[PDB]
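Take a look at this single chain, the form solved without this ligand, given in structure tokens.
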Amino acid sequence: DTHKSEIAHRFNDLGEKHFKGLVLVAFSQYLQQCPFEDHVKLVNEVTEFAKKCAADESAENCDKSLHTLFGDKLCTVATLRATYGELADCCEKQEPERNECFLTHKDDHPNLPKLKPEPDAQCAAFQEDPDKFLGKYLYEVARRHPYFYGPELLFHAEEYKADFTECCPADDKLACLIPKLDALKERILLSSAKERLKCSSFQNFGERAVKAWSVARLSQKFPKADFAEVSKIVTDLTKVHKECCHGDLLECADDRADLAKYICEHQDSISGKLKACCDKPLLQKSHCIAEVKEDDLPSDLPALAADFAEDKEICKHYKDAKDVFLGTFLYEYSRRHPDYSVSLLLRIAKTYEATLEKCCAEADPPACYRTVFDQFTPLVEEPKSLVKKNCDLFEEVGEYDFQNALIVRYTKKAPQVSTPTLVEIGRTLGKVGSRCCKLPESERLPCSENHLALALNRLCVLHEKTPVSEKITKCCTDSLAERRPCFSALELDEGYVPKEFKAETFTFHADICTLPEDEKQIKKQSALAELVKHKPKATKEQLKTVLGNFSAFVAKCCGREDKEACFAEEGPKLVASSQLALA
């Protein structure tokens, strides 16, 4: 898309403010390591370039591609080789090779110093210089989540800004700030995961698979819209994320804005839940539509049996126009089931497909495919009871022991996985119990299982980066719709050799006493996973007891007149005797 110069075009479409915002995000995700100012200089430089081009588009070099321009700007940076390692190789390559080299080296979980609210100093710096401050924010969130949805990051920057504004000045204290900043980081964390699943999908299953997922999700959201309105939106939205994921965020943001416009101007054909979204400033608008409540079910939903199970011309339809015919099933089944997870709907469309394949090659296909809806029952029953089992446990035991139950379940299934990772998924999925399990019954299953899909994908990108098990690699290669079943089936290698015991690994010391409550928990959950790695046959209940004993002992020695002497004289007794109590 152009005027003549793509850079002018996007400068014009987006405005300086959003243009500069997006350019920073792009430079940060591509160059995660570079200092802040070194990015401010390249953003400024490039922005000036665009400005100059908007004034005279036939100016020399204004007609270059965005890659050529942006990769050039990156490739001037910081005597790279000594700092940016391989990135420097990328700089030897022409387009599209270079861009492709750059994208290939994006780094997912890179260790940098994790996000930390510091109220007085941050506030000073905020009123001192908001654009530096907000920009620092983007740079920081972007370089830590190289696949974060660019235009949503601008959105959350505004939320970050509203926080500091109403909080620095009304100062009877700044626990005005910790609630909000804590709540933001989580919405940050979840949105990054939502998007990484989108970019993961493109990378591993291509665009069809992303389409299916959308058709299923958007049909749930906009069930009053016809198959045609849903495909259009889907086509438009796939192109938006395909862009964002391939790092073209300017084109991405511009096409997104066009989609927001298209949906606000056609609400009547799409959903009755858009009025208050469609009255908002652009960034609030888009975000509002991305998180829209599902619409009420229309009164004229077709009955499905007649079309998909009783029509005697199904095999022909399925031969003559397979994709249309499958898409229509997915659109219909989905709009009907806002209470199913997306992966569940994909698995059902796939069983529907596989049944027609078998049945149409037989002597009497309709006798065969007439019970196809009966194939779905088991499939629905499985997650439902999985969610019931987990919510029940969570309600009975609370968040911390639920997290613990999960950490045991996982470490037994994959003891080769690092302890901080085993503890982090357990903690995350425990939190999902907290959020999903208190919902009305019919929204529990998607909240749970949708959130669990984001966690599994995280697990599988992390795994590809640092792999430890073929069995996980295999779960991570299956379709999105089989991923969860494969993870549920994954189980402790009968031949797995217990991890040799290491006394130091279970020895606690006094430091623990002053740590924040969550850090105290991580340290305990860490030891939990280690206990399981060393005693992989130990009972949940034995683990709960030994771990109940490690907490008692920690509490006691932390309230001790001599904290160290307490730890040193009682720690070893309990380390030895705990081994004896694990089967």
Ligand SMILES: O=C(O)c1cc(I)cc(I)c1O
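Positions refer to the first chain, counted from 1. Note that the rigid core is defined as the largest set of C-alphas that superpose within 1.5 Å between two forms. Compared with the form solved in complex with this ligand:
Shown in the overlay between the two forms, fitted on the rigid core, is a CA shift at residue 242 smaller than 2 Å. Once both forms are fitted on their core, the CA shift for residue 151 between the two forms remains under 2 Å.
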Second form
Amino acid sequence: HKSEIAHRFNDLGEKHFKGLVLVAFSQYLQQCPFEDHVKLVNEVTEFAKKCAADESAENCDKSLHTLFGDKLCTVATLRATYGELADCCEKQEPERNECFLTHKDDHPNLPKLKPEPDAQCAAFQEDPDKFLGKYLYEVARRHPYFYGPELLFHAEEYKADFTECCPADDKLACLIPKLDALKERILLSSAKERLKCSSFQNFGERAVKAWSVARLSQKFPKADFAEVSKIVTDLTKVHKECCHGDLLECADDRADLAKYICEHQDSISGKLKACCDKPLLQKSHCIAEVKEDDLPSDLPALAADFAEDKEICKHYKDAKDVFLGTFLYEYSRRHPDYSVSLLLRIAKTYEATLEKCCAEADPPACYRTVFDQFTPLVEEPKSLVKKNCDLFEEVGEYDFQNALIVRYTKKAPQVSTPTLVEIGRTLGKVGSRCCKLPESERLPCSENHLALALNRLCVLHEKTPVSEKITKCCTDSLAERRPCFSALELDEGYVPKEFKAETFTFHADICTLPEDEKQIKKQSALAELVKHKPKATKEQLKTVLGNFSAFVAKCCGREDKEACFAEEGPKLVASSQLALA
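Moving on from the form solved without this ligand, kindly provide the form solved in complex with this ligand as a structure.
All you get below is the one chain by itself.
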């Protein structure tokens, strides 16, 4: 890295480089229009090229963040558009970058990416590069911690979507479901990555490593610990870089990691073969999403090393991180059936148990039961997975979301309704994602995914702290975030939001809404019902919401939708309150 920009440019190649720089900028400057960003990345890419041509050219030896940060800081109306980021631009690197990062907007609340399949295919044909670029921009700026290389990957998917659908007859129906599925994948990936970044940010790299160790151990149970460690080290670096906005380095290192992993796929997992026969983004993505390898038949019994060995305390004092790390690896690799956070909690408990036991007189007698300390850690979420998947399976996603929305509005009524609705909806999306899964997968799926949504909440909460319960759950141990949240009950301290009839007042407008947004409106109402009536049981809320849904469906099916809403809503608005006592 004589010229780090030349280096990244050469490594990544212009398409990916430009894409990542676009992502980077879009993420750092989420409000600057697409075209601004494009000129920004073109300038940066031109400069990258100039540097690759001659790495001794002036400023070519400046760091990527110096370079890009500078480019960002040159944007038109940086102070009017980003009064916060202005000050960042006053700052040198890495302070500047740290500032930009800090001012990343996790909830830019930009317009909903909705297909305009005619206009968009049009723009995809007019310039597919400007269109996929635009996509990178849109998604990136909506998700300023979106995993850059992954975004490029998704850009590829998105392209494929417009490649397949734009020529198609019902381009809209060929495309929208793809784009919808893609948004779900985006949202999920964004959340995954945001979690990673949040984890660095809020818990540090060790937390991320522990997480990755657990995860990768599950994913690559056959890989030995050194291997998982190496990959976790690298992957953590990749995520660290991506999260710290070092997207070129992140991508480059990710590519390297993918290469490494694929070079060692037999040392790592048989599930990689499909990933490693893919091109670089697709390969990386595939490894990132790779299904867990089969448990090896030679998984070591764990009691000997981790419970029975008489010098465990010695190992544990002598090499805490390595011993624990390997414990985590072992437990995790044998526990794809556990969420990562469960494995971490288990690791934490294993650690806590050595801490306890090893400070005790006969540590071996004490930690010999260590594996048994994990049991309640396992049962708690397994029980929730069952409780909630039962519920989900019983009531379906909407009502599950309602459930969650109620629960979370209860837990954190201070949270904006849109956020509760979002979180509860995403949380219910866990029901959909995880409850249908093979039973051994629901727990990992659901807790991992809840980690994402909770992190989302946390992330949103960072920006918009409204609840201390949220803060605590979000900032106390990450492994416990989900249990912390799950454990949250009705914030008793919450003064019920004053009643605003209007809030629960629907109008014919809701009828034009696609069912998702109709639901969201209802679910917002729902959150509001909770906020106003926090102690309303979830069942009262459900009935009231059912009443609202009923009235909404009715009045929407009405000849005069609005007369209907106007006549029936108020009574409903008033009565539903009595139903929430």
